[PDB]
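Enquirer: In case you want the letters, here they are:
There are 2 protein chains.
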Amino acid sequence: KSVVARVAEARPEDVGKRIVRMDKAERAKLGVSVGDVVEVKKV
Amino acid sequence: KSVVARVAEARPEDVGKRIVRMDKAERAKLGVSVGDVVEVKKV
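If you read the protein sequences in the order shown, they are chains D and E.
In terms of this note's numbering, the first sequence opens at residue 46 and continues consecutively.
In terms of this note's numbering, the second sequence opens at residue 46 and continues consecutively.
To be clear, the hints were calculated from the coordinates, so they are not data collected in a lab.
Among these hints, one or two may not hold up.
Note that the list lumps identical chains together, so a pair holds whenever it fits in one copy or between two copies.
DSS-like mimics (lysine-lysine), calculated; alpha carbons at most 25 Å apart, straight line [to be verified]:
| hint | residue 1 | residue 2 |
| --- | --- | --- |
| 1 | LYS87 | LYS46 |
| 2 | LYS62 | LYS86 |
| 3 | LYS69 | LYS86 |
| 4 | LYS74 | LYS62 |
| 5 | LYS46 | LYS86 |
| 6 | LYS74 | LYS46 |
So that you can see chain D by itself, here it is in the shape it has in the complex:
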């Protein structure tokens, strides 16, 4: 499965880090673990 989510601004500490933060329930839905590579696209 893939997951839909709403765009929020990154906290300033995370600037330029090439990450997406997602909580454990959304990671489980996507079947990802921390550090996995995801792809993000406009709907």
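Following the hints, complete the assembly by docking chain E onto the known chain D.
Expert: Frame of chain D, contents of chain E only:
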């Protein structure tokens, strides 16, 4: 276009919120604004 990134844990204020935090570089490359809906797919 696509933003490819590494999954990281949700910040504690964001647990449950169904959001994906994205810095201005990423949001610009996607062409999305805060509150816009995106799809996250595992690679």
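Enquirer: Each hint: holds or not?
Expert: These are the hints, each one checked on the structure:
Proximity of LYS87 to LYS46 under the C-alpha cut-off of 25 Å is found in both arrangements, the shortest distances being 16 Å within a copy and 8 Å between copies. With identical chains, the CA atoms of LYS62 and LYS86 are at most 25 Å apart both within one copy (18 Å) and between copies (19 Å). When the C-alpha separation of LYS69 and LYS86 is checked against a cutoff of 25 Å, the pair qualifies both within a copy, at 20 Å, and between copies, at 15 Å. Proximity of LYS74 to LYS62 under the C-alpha cut-off of 25 Å is found in both arrangements, the shortest distances being 23 Å within a copy and 14 Å between copies.
For a Cα distance limit of 25 Å, the shortest separation of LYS46 from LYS86 qualifies both inside one copy, at 13 Å, and across copies, at 7 Å. Taking the shortest alpha-carbon separations for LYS74 and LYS46, both the intra-copy value of 7 Å and the inter-copy value of 23 Å come in at or below 25 Å.
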